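Taking the form solved without adenosine-3'-5'-diphosphate, here's one chain by itself in structure tokens.
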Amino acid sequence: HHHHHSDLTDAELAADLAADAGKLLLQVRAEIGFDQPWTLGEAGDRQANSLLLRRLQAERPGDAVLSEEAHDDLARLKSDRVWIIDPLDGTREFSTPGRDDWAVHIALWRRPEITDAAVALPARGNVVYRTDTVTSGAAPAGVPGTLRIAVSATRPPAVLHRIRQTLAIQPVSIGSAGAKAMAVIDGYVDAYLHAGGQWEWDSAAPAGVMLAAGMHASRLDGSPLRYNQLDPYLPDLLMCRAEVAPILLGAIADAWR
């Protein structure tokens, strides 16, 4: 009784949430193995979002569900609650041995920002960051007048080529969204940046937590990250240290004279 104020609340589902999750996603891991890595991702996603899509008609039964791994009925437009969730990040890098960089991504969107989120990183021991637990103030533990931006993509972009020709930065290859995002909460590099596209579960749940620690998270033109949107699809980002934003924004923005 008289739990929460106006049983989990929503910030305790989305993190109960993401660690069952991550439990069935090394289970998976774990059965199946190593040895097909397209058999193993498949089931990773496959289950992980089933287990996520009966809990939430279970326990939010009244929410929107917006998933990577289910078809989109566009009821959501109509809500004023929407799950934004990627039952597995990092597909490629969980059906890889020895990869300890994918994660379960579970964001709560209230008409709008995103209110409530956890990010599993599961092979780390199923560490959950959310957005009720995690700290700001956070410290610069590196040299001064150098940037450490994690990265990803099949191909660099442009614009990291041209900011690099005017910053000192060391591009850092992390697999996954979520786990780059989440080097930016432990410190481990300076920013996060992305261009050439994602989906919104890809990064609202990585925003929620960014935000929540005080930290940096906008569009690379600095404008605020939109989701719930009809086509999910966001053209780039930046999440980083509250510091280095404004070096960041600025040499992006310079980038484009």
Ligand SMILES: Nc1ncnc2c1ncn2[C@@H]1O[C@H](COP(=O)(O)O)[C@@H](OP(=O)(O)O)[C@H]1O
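Residue numbers count along the first chain shown, from 1. Between two forms, the rigid core is the largest collection of C-alphas that superpose within 1.5 Å. What changes on going to the form deposited with adenosine-3'-5'-diphosphate bound:
With the core held fixed between the two forms, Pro97 has its Cα displaced by under 2 Å. Shown in the overlay between the two forms, fitted on the rigid core, is a CA shift at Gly187 smaller than 2 Å. Core-superposed comparison between the two forms: the Cα of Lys78 travels less than 2 Å.
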Given for the second form:
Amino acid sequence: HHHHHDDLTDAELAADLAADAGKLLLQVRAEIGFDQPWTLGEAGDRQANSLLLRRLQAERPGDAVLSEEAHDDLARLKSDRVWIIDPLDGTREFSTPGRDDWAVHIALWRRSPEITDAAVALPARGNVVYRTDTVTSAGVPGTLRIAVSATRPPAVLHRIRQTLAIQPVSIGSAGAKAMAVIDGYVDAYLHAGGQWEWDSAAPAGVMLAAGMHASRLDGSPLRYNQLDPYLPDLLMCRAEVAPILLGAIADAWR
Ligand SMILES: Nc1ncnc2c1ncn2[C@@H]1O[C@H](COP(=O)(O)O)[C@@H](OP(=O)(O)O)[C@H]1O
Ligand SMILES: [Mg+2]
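Alternative state: the form deposited with adenosine-3'-5'-diphosphate bound, after the form solved without adenosine-3'-5'-diphosphate:
So here's everything in the complex, that chain up top.
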């Protein structure tokens, strides 16, 4: 087609990088197999990262990149365009036979909603790719399904469950849990206790593009391209359930 107002829009590129890294991760899984989960996870992280950095340098040579699997030289702090990527989110689950709760996260941050374009691939689920440019956008829910980490679920859940009826759904991957909200498999994804920008940036972009809610647990906006890319808590959910959950979280501090 004509150039937007090989060359892709940033959203198309986000989507194409996510799929391509997804295919490579699927190849790595088939090749290395599961006998040594540490070895499998390492190669997954490293090979996906290599592919992503190669393609970003070739196809967006002027953009900065923040990746979990690369040293951070902080030049991004001066740029107006920064790719925030997780080459493999849910390394643990990827490394486990039969599991499909792992993801590739490709977010574009642009200086000003700072995550303007994003994609989340779930390679083991037919390599589906959720993208900000094609995702589309209720009531009083007496009981809530909330996706939480299968490894390190947040302690604050215990407190809010004293007053809200909640069933926690234990799932790996920030990306997988966020897309479960998009799918309607759960009502919300709640995390506390630690995380990094690459874990949530692409899922946040997609969530917001879908007209859904994405914020810090205290309700304040998720902020990206920070000096310290540590970003330890989030709420992602249907718009309707955000005041209920944000309120319950707030009341947990009373
Ligand atoms: N308390 C914590 N501190 C730091 N990172 C965390 C964390 N809890 C979860 N994460 C990261 O968030 C991602 C999804 O976690 P989970 O599967 O537990 O929900 C994983 O990233 P990676 O797999 O990219 O390393 C995991 O390492
Ligand atoms: Mg990772």
